[PDB]
Structures are given as C-alpha cells and as structure tokens.
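A selection of the complex's chains, in situ.
In order of appearance the chains are A and B, and numbering begins at 1 in each one.
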Amino acid sequence: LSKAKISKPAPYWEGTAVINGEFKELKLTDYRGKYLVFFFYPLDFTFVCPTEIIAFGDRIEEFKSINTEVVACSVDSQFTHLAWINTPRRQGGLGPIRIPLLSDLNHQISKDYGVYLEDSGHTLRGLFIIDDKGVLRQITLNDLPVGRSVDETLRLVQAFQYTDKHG
Amino acid sequence: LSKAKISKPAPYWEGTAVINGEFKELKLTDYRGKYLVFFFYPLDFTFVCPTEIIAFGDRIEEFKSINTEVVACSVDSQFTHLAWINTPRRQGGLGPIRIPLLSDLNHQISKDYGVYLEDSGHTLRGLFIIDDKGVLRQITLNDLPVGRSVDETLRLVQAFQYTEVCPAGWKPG
C-alpha cells in the first residue's frame, strides 16, 4: 500500500496546512529546489509533551541555512492543529510554532507514505528526507514511544547534500 | 459499504468516548434497555458555533425522562474531544457538556453508519434513532450546513415509544 520508495520520487501529497496561524494549501512540489524534512507525529492534544515538534520549530534556522525546509503532519484536522497552537501550555497546547502543521484528515497521505495505523486511526512516528530534485532519500520509522533528534536529522541532511556534489 | 438499515439491528460500534472529563470505553450494547439518539457532527474546533451539540447538552434531561440516552460522534481524536470541552465556550470551545463525545478516529463507525465523506475526511451531519432492543428506527442525513432540532428529535423518540393529528370527519373503513 505504501508508495514511499528510496531513490524514487517521493510520493506526491497535498492538503491544507496551518502556517503562522493561517490556513495555506501545501504540496510536496512547493519544496522543489530545496531538501524537505517531512515527518508525521501521532496526535494533537495528547498528554505527552510535544518537545520534538518544538525542537524543530525552535532550531528551524539551522535547516533554513542549509536550504532545507521542515514540515510536520498528523491525521488531525487543520482546525485542531490551530486550536493546539492557540491553546495555552498550562492546558496542554503547543503554542505558536515555526514549521507548518499539515493535516492528513482523510488519511490519504499517511497511507501513501506507509505510516498509517489502520486500527489506531493515526500515524506512526515517521520521518522522510526528500531531496531538492524531489526524490526520497531516507526513511525513519519509530514505534510509538521514541522521540526524534534534530541533530541527527541535520547530520543526515548535510551528508546527503555533501555527497550530492563529491560523494 | 453502509451497514445501517431501518428496523434491522443498528450496526455495532464501540470506541473511546469523553464522559464527564474522563476517557471511558463506550459500546453500543451499553444502551440496551434504553433508547439511543446517536448523531454525528463533522469536526471540532471549527468556526461554526456548536449550538446543536450544546442544545442537546442543555436539554439532555428531557431525554433522560423518557428513557433515552444521547451520544455524539465525530471523526476527531478523544484527545481533541477533551480539549474542546476544556476550552471555554466564550473562546470558541464547546465548554463542559452533559453528553458523551465518541471518537471515531479510524473512521470505522462513520463508514458503518454510512456518513463518512471519503474525500473530506470527516462525517456528514447524521442522526440515528435506536430503540431499547437495539434496532435502528430512524435515519436523518443533512448536508453539512444545516443544523439539527432537539424538539423534533424529542418528538420522534416519543412517537416510537408512545405507539400531527387527524382532520375532523375523517374515518376509516
């Protein structure tokens, strides 16, 4: 069922994302000419602190300077994404964030990337690296407990870029 | 794909609901011996005031007095269901509410009741009435914009339990 294959073109996706507090139509092709770090996380409004999403949002600049963008995705509706941002931390929210939050409500993107859990109705923790020519170069799939490293994602992006010229 | 047929047993469902600020496992079979008004609404945290859901929460006591329970369902996570209730009504939330909010995250229940929109990724505005022996007795499917009446739902339950009036002079043969 998964369309995501390494060194084949990354599966096309499109949907509504929340960017800087507004709804915007986002597509994989918007990021052509740049590397894109594309990752799924299970759910909004959970009891687990969203450290990993904040960590990417805070340090986004390290990505921007190496021609990389970052996009987060969950199966939550784009309306739920917003409420999370607009919900105070004492009550569980995310607060403002500097990466787009993409909604995969009809589950289609999750399924194409092969990270959807048929029975849970939400995603794995999956992260995909797609290059500037629009090709999937790396796949990371974690069981539900384990978080994700900003440093390690960076190491990977740089290594792909370095070998893009000299190998 | 739809399993809901009138006067056949209502399709079984079970899932996580938010009841009185807590997560509780809820299944259709829990409502045996009582009538159940089971209705879907599209999404939480929208910009449309959730009056229909609220109206049921406010007047929930009138259903209780005629042996009827009410459960609402959307395709949202129970975690989102919780946040909505915990978001003040003044700030766009649902606020506290006295009916359970059932989560159909894997979409399995929506599809069973035939209210899921494959391309939109959420439900219609759909309402089902089920009797105490667990049989589907009424189906209401609305296009997304139009809301839903408590009075009319009440009228229907009473009408299924009890059994507009005849013009004077009309007689049968």
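The working rule: a contact is a pair of C-beta atoms (placed from the backbone, for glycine too) under 8 Å apart; a residue touches a chain by one contact, two chains touch by 3 or more.
Chemist: Quick one: how many copies does the complete complex have, if 2 are shown in place?
Modeler: Of the complex's copies, 2 are shown; altogether there are 10.
We take it that only the chains that are shown with their structure count from here on.
Chemist: Just give me the whole-number Å value for how far the CA centre of chain A lies from that of chain B.
Modeler: Each chain's C-alpha centroid was found; their separation is 34 Å.
Chemist: Considering the complex alone, what residue numbers of chain B touch chain A?
Modeler: Residues in contact with chain A: 43-47, 75-77, 79-80, 82-84, 86-87, 92, 104-107, 118-122.
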